[PDB]
Amino acid sequence: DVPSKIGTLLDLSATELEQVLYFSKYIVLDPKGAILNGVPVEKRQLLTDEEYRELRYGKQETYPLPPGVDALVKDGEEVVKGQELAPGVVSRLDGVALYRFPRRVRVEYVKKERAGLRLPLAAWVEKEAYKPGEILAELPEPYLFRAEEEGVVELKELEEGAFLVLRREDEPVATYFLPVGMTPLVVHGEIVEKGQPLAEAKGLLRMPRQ
Amino acid sequence: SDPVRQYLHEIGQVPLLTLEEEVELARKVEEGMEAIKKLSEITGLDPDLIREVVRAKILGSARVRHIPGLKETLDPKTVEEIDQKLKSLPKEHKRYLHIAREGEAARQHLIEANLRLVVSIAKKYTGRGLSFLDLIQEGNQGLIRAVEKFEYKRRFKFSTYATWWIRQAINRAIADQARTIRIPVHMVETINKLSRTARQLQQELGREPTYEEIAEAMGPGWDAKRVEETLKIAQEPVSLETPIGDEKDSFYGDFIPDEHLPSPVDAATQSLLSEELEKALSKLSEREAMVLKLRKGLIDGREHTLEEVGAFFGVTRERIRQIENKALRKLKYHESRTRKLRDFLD
Amino acid sequence: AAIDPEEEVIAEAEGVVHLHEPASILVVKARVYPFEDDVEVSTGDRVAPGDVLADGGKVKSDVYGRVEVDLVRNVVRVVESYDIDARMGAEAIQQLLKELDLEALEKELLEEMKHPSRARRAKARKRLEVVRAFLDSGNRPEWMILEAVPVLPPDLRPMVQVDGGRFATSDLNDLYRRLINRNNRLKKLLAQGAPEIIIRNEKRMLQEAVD
DNA sequence: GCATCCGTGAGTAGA
DNA sequence: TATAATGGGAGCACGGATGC
Ligand SMILES: [Mg+2]
Numbered sequence: 107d108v109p110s111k112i113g114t115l116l117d118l119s120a121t122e123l124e125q126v127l128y129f130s131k132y133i134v135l136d137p138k139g140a141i142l143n144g145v146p147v148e149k150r151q152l153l154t155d156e157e158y159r160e161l162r163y164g165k166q167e168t169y170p171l172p173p174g175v176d177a178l179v180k181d182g183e184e185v186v187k188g189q190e191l192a193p194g195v196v197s198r199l200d201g202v203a204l205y206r207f208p209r210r211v212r213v214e215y216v217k218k219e220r221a222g223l224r225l226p227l228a229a230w231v232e233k234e235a236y237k238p239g240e241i242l243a244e245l246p247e248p249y250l251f252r253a254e255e256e257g258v259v260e261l262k263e264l265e266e267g268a269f270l271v272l273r274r275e276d277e278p279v280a281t282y283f284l285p286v287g288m289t290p291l292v293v294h295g296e297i298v299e300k301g302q303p304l305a306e307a308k309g310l311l312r313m314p315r316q
Numbered sequence: 078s079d080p081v082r083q084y085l086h087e088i089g090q091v092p093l094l095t096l097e098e099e100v101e102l103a104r105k106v107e108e109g110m111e112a113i114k115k116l117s118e119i120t121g122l123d124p125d126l127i128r129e130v131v132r133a134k135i136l137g138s139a140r141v142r143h144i145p146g147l148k149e150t151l152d153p154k155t156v157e158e159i160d161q162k163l164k165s166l167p168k169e170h171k172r173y174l175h176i177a178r179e180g181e182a183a184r185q186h187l188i189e190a191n192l193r194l195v196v197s198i199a200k201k202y203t204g205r206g207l208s209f210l211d212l213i214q215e216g217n218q219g220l221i222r223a224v225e226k227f228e229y230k231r232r233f234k235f236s237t238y239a240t241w242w243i244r245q246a247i248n249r250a251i252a253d254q255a256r257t258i259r260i261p262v263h264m265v266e267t268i269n270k271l272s273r274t275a276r277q278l279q280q281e282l283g284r285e286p287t288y289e290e291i292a293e294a295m296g297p298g299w300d301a302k303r304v305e306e307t308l309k310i311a312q313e314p315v316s317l318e319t320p321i322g323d324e325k326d327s328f329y330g331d332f333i334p335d336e337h338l339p340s341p342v343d344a345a346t347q348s349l350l351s352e353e354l355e356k357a358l359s360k361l362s363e364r365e366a367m368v369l370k371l372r373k374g375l376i377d378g379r380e381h382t383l384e385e386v387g388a389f390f391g392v393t394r395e396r397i398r399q400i401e402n403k404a405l406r407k408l409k410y411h412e413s414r415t416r417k418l419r420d421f422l423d
Numbered sequence: 369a370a371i372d373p374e375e376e377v378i379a380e381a382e383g384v385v386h387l388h389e390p391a392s393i394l395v396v397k398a399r400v401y402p403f404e405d406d407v408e409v410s411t412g413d414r415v416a417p418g419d420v421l422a423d424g425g426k427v428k429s430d431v432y433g434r435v436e437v438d439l440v441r442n443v444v445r446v447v448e449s450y451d452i453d454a455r456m457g458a459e460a461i462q463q464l465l466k467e468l469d470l471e472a473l474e475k476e477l478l479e480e481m482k483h484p485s486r487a488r489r490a491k492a493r494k495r496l497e498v499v500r501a502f503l504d505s506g507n508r509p510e511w512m513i514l515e516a517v518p519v520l521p522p523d524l525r526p527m528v529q530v531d532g533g534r535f536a537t538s539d540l541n542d543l544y545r546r547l548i549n550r551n552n553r554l555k556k557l558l559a560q561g562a563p564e565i566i567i568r569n570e571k572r573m574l575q576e577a578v579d
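Chains as they are written, first to last, in the entry's author numbering: chain D, 107 to 316; chain A, 78 to 423; chain U, 369 to 579.
The hints are all genuine.
The calculated label-pair distances, taken between Cβ atoms and stated as ranges, are: (1) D542/U / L147/A: 30 to 36 Å; (2) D542/U / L375/A: 44 to 50 Å; (3) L394/U / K162/A: 31 to 37 Å.
Source of the hints: derived by calculation from the structure; they are not laboratory data. Note that CB positions come from ideal geometry on N, CA and C, so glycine has one too.
All chains should be built: construct the whole structure from the sequences, respecting the hints.
So this is what it looks like as structure tokens:
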């Protein structure tokens, strides 16, 4: 009934009253120190669904990743607006990025072993331990590493560098470590005698990165 | 302005679930229910009460109300005490509380996401006596039942299982709420079968069937009388405001007499009847007239037995029955003489 | 883990776990709070700065927000947001109408009656007329909002058997039926804890029914 | 001052 | 009670208090 009695008492236009009563907009009874767009929320303020949702439940967004394409950022890492989350994805907001349904789980298994190697004394550089990439030794001339045991060969190749395990029967009788710059002359399942060269060391030889 | 559009838009704000997301939410829901069961085991509390408390905390203080199944009224005090009795558990026990919370949240999101399916199903049920939005809400109830009953272990898509409960809810709704005079769902189904039967017969015969033909086509146990009575019982009422004459002037209800309230002629008739009966009972002695009045109930409104009137006047039942007889006899004589009370006999 | 035991992924030996190729990436505005011990708040709880989160009070909250407890990542996450009470419909309107003190508004509108602008005086008068109406009459303004809805006696909206043995009835019965149905459905929807969209829609429909 | 928004436009009979 | 299904459908007039 125009002008509205409810609208006149509460100082609300027909539009605003309509929007509130018909659930098109929220209206603020207790601001509870809310802040929207830099201005603190006043009592009796009219909020849209997006504003009220942003205020009450927070802000966030999910970005789809194309198949077979890995993410650029890390799980749990803070993000800045404009920062690329992936080659095809740019984040619109700032905050914590979370992984949604990782399709591939890569498990790095820890292995602690013990392996022998033989080198010319002049080539070796004495150290109590070796960091990955650190120089193990330097050969003035090509050198041949010779098998000190007899048996069948198990050749286990890492990203770079290799492990070579000699075994008679079931039990491994020897374990050798071939660093980078050392080319194995044997294949898997090959039979070797003592003195028969396993690998060739040519020039500088260093520890693998892994 | 247009509620349908506004609700479609509100529905559109929730994004659809990827298979992974759907499976996740369903999983969280199932594990959640299991966690509520576990909390019921540990706490020795009611699964319902715990569920309502967890739900109350997830939804917030905005919605707090007494639940029909709960033996205890649910108020912020009670949910606070129960929340504290839950948080007072050891770590491994307190785990299930978190599982339950996230379970309820997942339930909420699952429903909110599958809200569109309800629309797409309900749009086909229009014109059945229920409004579009009504069908949507009932379909929503179906959707909720589905979310609660779903098992992700079967590898099926949620839409498949939910569709059944949505259709079921909508059909239940229509069968229940469509008619002004409520017809039990089974009877409704019967009436509808009768409809489709008669329609098949009219489509084959090239004319409307008789009661007998429908009775035949309905199988054993159906005769013409039964079909006729079933059609009679399926009749919907008509509006008193249906306009008669083509104009804004007249209403059907204006032509319908009132058979309940007594006409002035009726009131006059009964009044004259009581007055004439009193005129006739005054020609007797007060005792026999009182006996007749107590025996026919003119006094207190009810008819006394011979033993009660005999005990009221302090005489044998035989005596009071004899007094009743002589009174009736004197009245019959007075009536034969004056012919006054004849006209009231109709 | 997975649906069937044989399809599960179990770690053969000691090692560290890395996640790659996620289906999607969800960026939230949130503050992350790792926990080494039992956590004192659950998921969904609203939290203000200084409140105890986990570890017997060692780790607490910086911002205002809603708590998501992540048991997988072993972190209590707080998504920044508030406790704001902002409502919808005649519930909100009735609330605001209850909080009204008519005398104060009378004073303020009287102050507005002295303004030089004719328009502001006009509006202040038109408001003050309603205010003073409610004041003199002794009517509480919130009575303009219906909690209980009266029902007209059935004889004034009759269901009657006519001549031929059929039934004729008023439209008021149909309207009342609509109202009762939507009301009951709303109560049941609430009792089963339906989400907000469904309840909002139901309430809207209830309003249109009363209308 | 010119864009909305809204309420109302004989009577009896009859049907 | 489980294949999957996911955003509707239809449809003249003048005078007067208000509202931008
Ligand atoms: Mg038959």
